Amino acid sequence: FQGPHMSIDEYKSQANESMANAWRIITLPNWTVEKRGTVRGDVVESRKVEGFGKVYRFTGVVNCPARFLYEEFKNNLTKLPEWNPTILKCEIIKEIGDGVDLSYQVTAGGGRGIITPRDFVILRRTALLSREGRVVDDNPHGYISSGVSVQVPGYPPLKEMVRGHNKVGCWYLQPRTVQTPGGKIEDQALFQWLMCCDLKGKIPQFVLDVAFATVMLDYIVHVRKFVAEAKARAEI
């Protein structure tokens, strides 16, 4: 009767567990700087977490409203390949309610040859959060989109591609209002991204630290270009 493959209530439970894990981790103290970016304030940091291993966090400021980026990444996951060349393919498997979905993603190589091309089967939750990490309906402190790797029937590992494993991850956006150098008051986004992938190899931790920092700093270039194009179309 009861088989190896998860139910819909089990997918939602796992999505809620992963979102709470991602929010807990991304708000921990005591991060080590790995790499500062070219644009001012961009940083990749790391730390160790019991049960996950080494986790990486990008922080930077993006020049648009936090709500705008949240609604893009929430509602247009299949458009990722159009503006992010690192994402080769993105398909929604199923949408199951309460901001939970399943997706199939194919990534290009990253970290200058270290991180091979790979595919993923991702369980996501997308929510509005309070400052203490409760789900809210309106007046959010922050906006989250979590991810974790799961197994879905119909999406076995391909012989031609490594099946990657996202242990825990999220994007986490907070609205900021800033005074520019010219004195304009502008609505911007504090953009945070948590990454924690299993790689085979026993590839030295020093090599992985550089490769993961490179992946994160390459991705933010594509986000800023997306935002610049939206501003030039008067969307923001």
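Numbering follows the first chain given and starts at 1. We call the rigid core the largest set of C-alpha positions that still match within 1.5 Å between the two forms. What changes on going to the form deposited in another entry:
- Superposition of the core reveals a Cα shift of 2 Å or more for residue 184 between these two forms.
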Contents of the next structure:
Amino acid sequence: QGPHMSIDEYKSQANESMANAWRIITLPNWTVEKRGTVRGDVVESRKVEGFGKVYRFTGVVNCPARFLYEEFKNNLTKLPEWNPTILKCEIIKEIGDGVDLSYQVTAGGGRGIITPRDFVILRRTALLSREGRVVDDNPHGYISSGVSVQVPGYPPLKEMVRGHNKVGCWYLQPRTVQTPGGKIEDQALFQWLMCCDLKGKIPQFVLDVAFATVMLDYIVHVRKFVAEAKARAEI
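Hand over the structure of the form deposited in another entry; the form deposited in one PDB entry is what we had up.
Chain only, nothing else included.
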């Protein structure tokens, strides 16, 4: 344990956040908010004391879970190149054990329901077993969790709302399938937990549609990034 270390505070909050995201994303009783266009794609929600209403997208992506995991872990600044909803992404600092601070500017929903917002995110990216324990190899799932924090030097901009992520994560599980042609290929069950403090006072019903829409529009960009990696023989 480090003395006079604000880095222990950052690493502590990232671990607490990662454990909370894994624990929330694996909770059993969910309410369907919206079904997606691709079969099996769903946005669900549920109440969690301390967090309020949380949202969860679940869908299958045709690529190894490890490949997507590697892009989220090591190439987060390249996120705007293939996901238009991310206008800016920069790493603030990397502080060990898969933990980093990043600045992200997100775009609005288009309908004007969710306006563009910026974020200062504390993140932990790790390999997990079935009981939520951090492993060095043979993982059951791959997590990349985030929570909003304050970083001196990244204050709220007067020109933009500083959003607040209470609990969130990308969670990927490897899945090897038999295709209709008989081939054995690697696939990934992809889940995205979202819980944001907007700041506004718009009814819960209209924001349920807004958040589900954001989630469904995101998976389209992930599948396009995946389809290009497939075509250019990277997967």
